[PDB]
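J.: Here's the letter readout for the chains.
Protein chains: 4
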Amino acid sequence: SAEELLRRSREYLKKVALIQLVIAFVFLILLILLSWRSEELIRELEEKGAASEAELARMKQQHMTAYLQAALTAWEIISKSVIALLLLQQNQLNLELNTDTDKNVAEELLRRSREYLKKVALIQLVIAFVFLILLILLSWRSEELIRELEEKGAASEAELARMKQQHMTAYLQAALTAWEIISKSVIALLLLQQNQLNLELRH
Amino acid sequence: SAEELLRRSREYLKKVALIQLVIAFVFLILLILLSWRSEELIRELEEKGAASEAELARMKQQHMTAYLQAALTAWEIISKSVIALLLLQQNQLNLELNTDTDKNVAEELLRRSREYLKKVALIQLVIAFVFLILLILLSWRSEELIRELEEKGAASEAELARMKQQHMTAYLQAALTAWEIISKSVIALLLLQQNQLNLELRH
Amino acid sequence: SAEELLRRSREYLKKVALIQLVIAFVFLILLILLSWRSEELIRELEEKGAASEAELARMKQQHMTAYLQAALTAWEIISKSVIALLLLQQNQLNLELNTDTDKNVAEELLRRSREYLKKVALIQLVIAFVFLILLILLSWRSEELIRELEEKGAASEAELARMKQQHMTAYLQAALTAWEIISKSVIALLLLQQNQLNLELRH
Amino acid sequence: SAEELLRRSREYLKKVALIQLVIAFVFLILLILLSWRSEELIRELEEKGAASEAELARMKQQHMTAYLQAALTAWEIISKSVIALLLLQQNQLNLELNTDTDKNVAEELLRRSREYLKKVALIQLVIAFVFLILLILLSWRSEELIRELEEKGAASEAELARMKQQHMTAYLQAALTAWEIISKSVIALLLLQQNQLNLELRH
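Those protein sequences? They're chains H, E, D and S, same order as listed.
Numbered per the working numbering, the first sequence spans residues 1 to 203.
Numbered per the working numbering, the second sequence spans residues 1 to 203.
Numbered per the working numbering, the third sequence spans residues 1 to 203.
Numbered per the working numbering, the fourth sequence spans residues 1 to 203.
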């Protein structure tokens, strides 16, 4: 009974992983397409003379901020779903290890588990990388927009100070969010490594 | 003593589940009612000339946004409540399986649990469906409102670009929220399936 | 060793519970005092003519909303704190029961736990009651304020519609918040009741 | 084999603790530097006459609020990170205690565990202390800014009432947020102490 039920369970877990990959794909494509439309709309307003330079700079900052917030939200979701897939794979691993008790099978299942564990760590390293590049890049652009207005006299001192303060607040918030994503992820990876050690020692 | 105590706990849980179904019903009716009242207020402002076309379109977008956010909040609560009930059913299942150890009772309890598990998965598929359809329809309405204002000249180009951008931001945020709800629900279902498999194999 | 070490832990837990009762009391008082100050500030603005009728009605609504949100927040913390103390007592109880294994001691300890569990359920029922009454009363006042402005012509039709919409939104959000708090509390209590049953059956 | 594997696992845990310490350090430096820039911008606006007295008071309040929120969030993250590390250390401790069962080794390891628990309790006491002092200071500064605007006639009665209400709200929210955080930390400290007891009783 267990071997077929485990096979069915394993196939469903793989289907779920495919669903997760599809959602991550849609998020990234949707993020990019919506961003493209926002950049094009701002470009049209600038070319049309539909907004003042200060208004355009603020809209560009709002765009960039929203872009990052969406990216961060997705990153938390993606890391959570992926780390959950790794934990779920460990539960699947244990169900199979407790059924097919052949040591040779257990070592191959454990080897596959280690490869997935490494891959997830690599995924988080990629996420941390893109976060840092995106925040650094968007921040430079935000500061450059404020400078452009200041150089041109497109905004009052209070308006410029507020843009600077609003930016710094968003920057700081992005850092808190990334901090939580990374921190939660590294703790989960260590827990998974400890679980992996016990399974290897037990087989 | 244990059997009557288990009966009382079992009956209590059934009552809790029934209460939650009633609450979810009331929420949905209340959201529909309040949404309708808003639709009527906007309709009268439009017919009466109490607001400009741009003001009315913005209010319609605010209405749709709030509607969806309430629906998403309830969906998180509903999926959490329903999956929690399923977990509570498994907890009750184990209390009885480890008391009344008759395999035939265990089989009745396990078959009922398996059916409940399938039904919850179907519930989440329905919720995900409704979310996607609702966001698509609301998105279509939002774009049409903007198109109307732009063709009529009811709003400046900067105002229209902002509505388009604000819409896209809200659209993406709604998608992210739904994805988080769906993912957590699927993970919980996988964990429950793993628990169900162990219980069936162990009895 | 454990009897004295547990004595110290038991004393600690009692001290923590007393501290939490005091803190919750202080927060209740702060909300009451802060609420008083706010109501008085609005009353004086009305008597002084420091704000228009529509603005005064809006401030009254903002006040009521903030009050309820604070009440809900405090309730969420209080129920989680009380439930955590209830869980901590079961954890402390298991440590004591497996040290002092005298059945007669276990019977007294189990009876005390059961009475506290019932008391906590009564506390949540009281909170749920208060929430429902409070939202209903605040809602009635909100509806009356909007109607007063409508009868007097204190606000444009679009402005009145916006107040009605903001009102309905806040109303529903409060209903959703209370639903989530109450349901989680009920779920936690049932899990504790199921755990209490196994512990009593084993002693 | 187990001893070398345990050594590698311990080395990784040390690395993880270093990763979290570095991120928290950098975040706190960022918080401080951005706050300093904000303060300098406000100082220039005041000296330049770029904003009214009421506008400057509001900006100072917004600054203080944002700081407190970021600081409190960072503290929450830090306390959670430390507890997570302590839990990982306890798991690591059991991996070692279940391999090297020599009571003499266990006592030295248990002595370190007790020291780490005391150290986190001291960390939380410092955080709770700083939060309270900071809340008092910032609240004091806020009240004084409002008082001066009222005496100077820099704001209308309705504007001042709103500032007082916003002040009271921010105060209570910060206090409630800190309450939840601190209470959770205290609960975690007790749970860790309960684990410390069982670890000692078993060796």
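Hints were generated in silico from the structure; no laboratory data involved.
Check before you lean on any hint, since a few could be wrong.
Intra- or inter-copy, both count: the list cannot distinguish identical chains.
Said to hold, decoys possible - Heads up, simulated DSBU-like pairs for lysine-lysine below, C-alpha to C-alpha not over 35 Å straight-line:
#1 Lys152 <-> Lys14
#2 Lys152 <-> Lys184
#3 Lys60 <-> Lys14
#4 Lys15 <-> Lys103
#5 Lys60 <-> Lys15
#6 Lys60 <-> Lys184
#7 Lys118 <-> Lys184
#8 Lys48 <-> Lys103
#9 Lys152 <-> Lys60
#10 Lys103 <-> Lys80
#11 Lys14 <-> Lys119
#12 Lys152 <-> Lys119
J.: From the Cα coordinates, with 35 Å as the cut-off, is the pair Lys48 and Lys103 best called within, between, both, or neither?
T.: neither (71 Å within a copy, 77 Å between copies)
J.: Have a look at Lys60 and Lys15 and pick one of within, between, both or neither, based on CA distance no larger than 35 Å.
T.: Neither: 39 Å inside a chain and 39 Å across chains, both beyond 35 Å.
J.: Measure nothing new, just compare the shortest in-copy and cross-copy C-alpha distances for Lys152 and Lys60 to 35 Å and report within, between, both or neither.
T.: both (17 Å within a copy, 26 Å between copies)
J.: Measure nothing new, just compare the shortest in-copy and cross-copy C-alpha distances for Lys118 and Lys184 to 35 Å and report within, between, both or neither.
T.: both (16 Å within a copy, 23 Å between copies)
J.: Quick one: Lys103 to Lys80, C-alpha cut-off 35 Å, is that within a copy, between copies, both, or neither?
T.: The answer is within: 31 Å in one copy meets 35 Å, while 38 Å across copies does not.
J.: Within, between, both or neither: how does the pair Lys152, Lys14 come out at a Cα-Cα threshold of 35 Å?
T.: The answer is neither: 57 Å in one copy and 51 Å across copies each exceed 35 Å.
J.: How do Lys60 and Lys184 come out at 35 Å by Cα distance, when the copy is not named: within, between, both, or neither?
T.: both (31 Å within a copy, 34 Å between copies)
J.: For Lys152 vs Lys119, is the C-alpha pair at or below 35 Å within one copy, between two copies, both, or neither?
T.: Answer is neither; intra-copy 49 Å and inter-copy 54 Å both fail.
J.: Under a CA distance limit of 35 Å, which applies to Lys152 and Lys184: within one copy, between copies, both, or neither?
T.: Neither. Shortest intra-copy (44 Å) and inter-copy (50 Å) distances fail the 35 Å Cα cut-off.
J.: 35 Å Cα cut-off: does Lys14 pair with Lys119 within a copy, between copies, both or neither?
T.: both (16 Å within a copy, 21 Å between copies)
J.: Is it within a copy, between copies, both, or neither that the alpha carbon of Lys60 lies no farther than 35 Å from that of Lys14?
T.: For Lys60 and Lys14, the Cα distance exceeds 35 Å both inside one copy (41 Å) and across copies (42 Å).
J.: Checking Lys15 and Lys103: alpha-carbon separation at most 35 Å within a copy, between copies, both or neither?
T.: both (27 Å within a copy, 32 Å between copies)
This entry does not satisfy hints 1, 2, 3, 5, 8, 12, going by the numbered hints stated previously.
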